[PDB]
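S.K.: Now for the letters of each chain:
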Amino acid sequence: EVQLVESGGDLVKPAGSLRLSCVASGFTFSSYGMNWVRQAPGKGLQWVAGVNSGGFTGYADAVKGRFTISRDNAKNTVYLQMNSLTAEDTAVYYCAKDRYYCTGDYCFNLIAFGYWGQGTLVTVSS
Amino acid sequence: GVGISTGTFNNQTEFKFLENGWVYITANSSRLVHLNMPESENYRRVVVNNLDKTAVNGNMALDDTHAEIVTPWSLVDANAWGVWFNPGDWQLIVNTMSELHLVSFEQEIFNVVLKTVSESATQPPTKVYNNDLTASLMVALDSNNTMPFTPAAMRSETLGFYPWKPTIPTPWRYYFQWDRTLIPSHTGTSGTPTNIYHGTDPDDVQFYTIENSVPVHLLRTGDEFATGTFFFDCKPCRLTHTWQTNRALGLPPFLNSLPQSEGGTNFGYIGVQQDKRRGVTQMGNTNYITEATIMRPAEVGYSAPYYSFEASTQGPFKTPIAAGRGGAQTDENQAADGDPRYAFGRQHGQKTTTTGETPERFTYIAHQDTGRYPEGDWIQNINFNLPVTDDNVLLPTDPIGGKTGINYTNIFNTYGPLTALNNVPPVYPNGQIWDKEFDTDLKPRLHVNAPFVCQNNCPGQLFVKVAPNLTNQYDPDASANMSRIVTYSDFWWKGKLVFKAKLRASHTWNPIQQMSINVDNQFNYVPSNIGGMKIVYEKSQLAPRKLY
Amino acid sequence: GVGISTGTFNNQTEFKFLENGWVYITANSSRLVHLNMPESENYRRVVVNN
Amino acid sequence: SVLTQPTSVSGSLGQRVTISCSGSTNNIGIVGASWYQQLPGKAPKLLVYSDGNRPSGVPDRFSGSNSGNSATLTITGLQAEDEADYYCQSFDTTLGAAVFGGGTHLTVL
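Chains as they are written, first to last, in the numbering used here: chain A, 17 to 142; chain B, 6 to 553; chain C, -12 to 37; chain D, 1056 to 1164.
These are calculated hints, taken from the structure and not from any lab test. Please note that a few of the clues may not be correct.
Cβ-Cβ distance ranges computed for the label pairs, FRET-style [stated by the list, open to error]:
| no. | chain 1 | residue 1 | chain 2 | residue 2 | range |
| --- | --- | --- | --- | --- | --- |
| 1 | A | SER141 | D | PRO1110 | 52 to 60 Å |
| 2 | B | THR214 | D | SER1111 | 44 to 52 Å |
| 3 | B | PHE322 | D | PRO1110 | 35 to 43 Å |
| 4 | D | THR1149 | B | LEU67 | 50 to 58 Å |
Heads up, the beta-carbon is just placed ideally off N, CA and C, and yes, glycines get one too.
Let's have the full structure, built from the sequences with the hints guiding it.
M.R.: Laid out in structure tokens, this is it:
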């Protein structure tokens, strides 16, 4: 069955950078897009970014231009470099995989589904 | 002479090139063959009747009942790819060649050794193997194709795929005629529907014997037998695949408004209201012209009542289909019908250092998209008022006969005068190379088992046997089993298969897909530390080609 | 003549095989070149010193 | 962009209950809602696809519907274990971004 794992969340000073990592197994990592979704303590959900198989990336305006997402298809691993962090970015981050195989620029990063991982916590303060 | 050799071992592959981009591929294969004496010398008529298994309602598909003649002869079959080409040679052929022809076939038996066994029966066990210089190996080349054609690939009973591992021949048998009935059921039917075996009707009885039909050559430890070159008459095979389905045939529609920036959402637009489009369609009672409704020259691929089982005099069989699902390349769980599944053992690929009777299996997902995706089909009433209401469309989700898991697509066939479909791709190494054309008045367009099918006739089978090594107590009037000296024969086998192939040409700006060694598949082409080998399946139609 | 073309465009990469496993590779390459007049009709001897 | 949801909802044990989500033509009117459930402190798990189907192992209790610019989720045979926060999800076709709703808390009485 599909399994995802995440790591890299930690308490960090404002500004600077932080780099998350999510790993996958049980499914053909190449054929599926990967997405990060975040939720602040007690608050609602907010999609962060997604990366289709070809290296094409998508971001939400709250991070567009600040974060950079990527993949390593040879290791079923996805990375999220979070540069220029601010206090508002304090949240829990989850790793997801869309239901329907998809690749290329015109490919919707996330439609419906994902075996969300346990997630990693991130806090920005000093 | 007993002490003289009669042949040379040669398992080389040669690519002699010619003018106009053709290459003559001569594939030489040699093997050490090991043959015991047959369990008995008599032709046995035997019947299999798995009544216990099939009596359980809903297991009719598991029917195995049949009738066969078990002969004292063994069959040497080299009609499989791995017998001839190693992974590297296959890489070369599939990556550099576009089409492949079949030219000729030879084989010979040389260096026949016959040995006899004596067991001491002493309290510490021991035995001795002794030569029998006057013992003979019976060889019979059925050049006229008089015996029933029995290609060993279907059972994974062909010669082996490694030159350095000796191989055995397969005990030869052929089908008798049985009339058998089996009314299908389900887990829920009452009692037990008829599961009856009727026997043989005298008008279909055919008892063949090698002895009465083919010359037999009696090779002693210093003799040799060479079949003689045969020449084929098959049609060419293609090493390139087609992607164009019906939606991709012809001129796209002009896009009156095009994207202005790169972006996943920056689509294009045809730009004209659908009821206002110029074009040609077969749907004469609508003005909507759409990619789903625009005329195309013909149909690529066809739909069939998949997993249909059809009954005849000999029992149910699965209605074979030419090609499998479309888009199954991305998910093994959707292999479904059409795409073959091979089960085989340590002679023919399975990691030679594996214990047990479980066979390695793979399903061969083809590269050509002459297939179908049944979940997306729909039949809608002729009026074609849109959007369609519940009653005017039959969907792949609707019941047939009230069975919630049987939809109309399971009993559906769309084959017609317009079907364009392709031949099956070769499967390395467990695939078959050639097959005989049925002796029927009207003949099938293709065989699902082999790429090359034979027009007039093609190569005769080779049957081997160990001569009766009688003891001195023989008595033809005895009703008991004939007392034989335990004897067995090891003979070398060499074959030559000549192919003709064409060298491909780059037709497009972009690179095409190729078979390549990589950090994932690496250890499939080198022996294990304790010396075990394997052959993994390889594609054969990576390069795309233009259908239209 | 002014109104007559003096050549033909061609990219085609042509593979032609010979005997003994050799192949001729003829690579045709055709471009349209664009040439403005030089900044100065004179040669210049120049030093750069960063 | 964002999808509207009710703040909270209540239902008695064994009764049926309904939850609603609202959007626009480019998020719900094109791609249906997908409903998620989140247990206290755990990662959310989906309940109903936009396809209308449910993942393997999801109780038959849940079911979803869609109408115009809005969607709706219902629970039949409400149980004590169903007390959790719920979220609608869609895809804004214009921005090309997944849009998640404001969330709703269901109370079991």
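S.K.: Going back to the hint list, which numbers does this structure go against?
M.R.: Numbers 1 and 2 - these are the hints that the structure violates, sorted from lowest upward.
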